[PDB]
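There are 2 protein chains.
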Amino acid sequence: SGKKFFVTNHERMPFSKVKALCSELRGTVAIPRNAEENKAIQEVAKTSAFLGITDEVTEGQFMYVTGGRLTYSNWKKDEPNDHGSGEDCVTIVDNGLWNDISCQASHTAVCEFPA
Amino acid sequence: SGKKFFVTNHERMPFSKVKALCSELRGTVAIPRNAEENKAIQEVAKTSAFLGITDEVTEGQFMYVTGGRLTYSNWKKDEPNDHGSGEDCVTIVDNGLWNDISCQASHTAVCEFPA
Ligand SMILES: [Ho]
Ligand SMILES: [Ho]
Ligand SMILES: [Ho]
Ligand SMILES: [Ho]
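Those protein sequences? They're chains B and A, same order as listed.
If you count the first sequence from 1, you need to add 106 to reach the deposited numbering.
If you count the second sequence from 1, you need to add 106 to reach the deposited numbering.
For the record, the hints were derived by calculation from the structure and aren't laboratory data.
Quick reminder that beta carbons are idealized off the backbone N, C-alpha and C, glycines included.
One should not assume that every hint holds.
Partial list, computed: chain A residues near chain B (C-beta under 10 Å) [what the hints assert, rightly or not]:
hint	residue
1	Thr114
2	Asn115
3	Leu131
4	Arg132
5	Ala146
6	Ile147
7	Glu149
8	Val150
9	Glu165
10	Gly166
11	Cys217
12	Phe219
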C-alpha cells in the first residue's frame, strides 16, 4: 500500500505543463498526504517541485487538484504569503517546507501513481 | 532523449517487477537505441538500471523485449559472459557500460515513452 512518485528526465516546466505530463501518463501531480510522503517527494525530486495543491478558485484556500481541503500541510514560516501579483501554486523547497509561488515559474515535474 | 523521455521512481526491484511496473504505466522498460539515449538513461537512473534487452530465447543472442536483434550495444569489456548458471538480463553500470546479469537481481526501474 503506498503511492510512488515518478520523475522524468525533462527540464523544469510551469505548472500547466506538469499537469499535462502527469495526465498523459495517467497520474496526478504529486500530493503528500503526510510527512512520510512529503519526504518521499523530496527524495525523488531533489530540486524544488510542484505539488498538486493550489488556491486558484478561492485565494487563501488551498485545495488538492483532485478535490478536498488539506489534511496535511508543511508551510515554511510566513507562507502562504501570495507575494506581489499572486502566488497560486505550491512548491516543496528547502528541507521539504512548502512555499506558494507563481504557477508560471518552471519547476520539477513529479507525478504520483497508486500501490 | 531526442525522441523519448524516461520515467523512474528510483526503486530497485527484479526484472519481472520492472517490466510489470512499466506495463502498468503503459510504457516499456527503457531501451537505449543509440549513444544519446544510453547517456540519457544513465543520467536519470543515476545508479544501475535494467534495460529492456534479454537473451532468454537464444542464449548468447540478445534481443529487445519489444522484439528484434540489437542495433546498438555498449558492452563492458568481456561482456556478455553468461556468468555462473546464466545471466540473461542487462543493466547499465558505470559510464553507461552494459553487463548481462541475473534477471533475479534488483536494480533501478526506468520506463520509456515516445516524446
Ligand atoms: Ho494565492
Ligand atoms: Ho510565497
Ligand atoms: Ho544469457
Ligand atoms: Ho555478466
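Results for each hint:
{"no.": "1", "hint": "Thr114", "result": "holds (6 Å)"}
{"no.": "2", "hint": "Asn115", "result": "holds (4 Å)"}
{"no.": "3", "hint": "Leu131", "result": "holds (6 Å)"}
{"no.": "4", "hint": "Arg132", "result": "holds (7 Å)"}
{"no.": "5", "hint": "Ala146", "result": "holds (6 Å)"}
{"no.": "6", "hint": "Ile147", "result": "holds (8 Å)"}
{"no.": "7", "hint": "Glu149", "result": "holds (6 Å)"}
{"no.": "8", "hint": "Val150", "result": "holds (4 Å)"}
{"no.": "9", "hint": "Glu165", "result": "violated (33 Å)"}
{"no.": "10", "hint": "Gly166", "result": "violated (32 Å)"}
{"no.": "11", "hint": "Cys217", "result": "holds (8 Å)"}
{"no.": "12", "hint": "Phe219", "result": "holds (7 Å)"}
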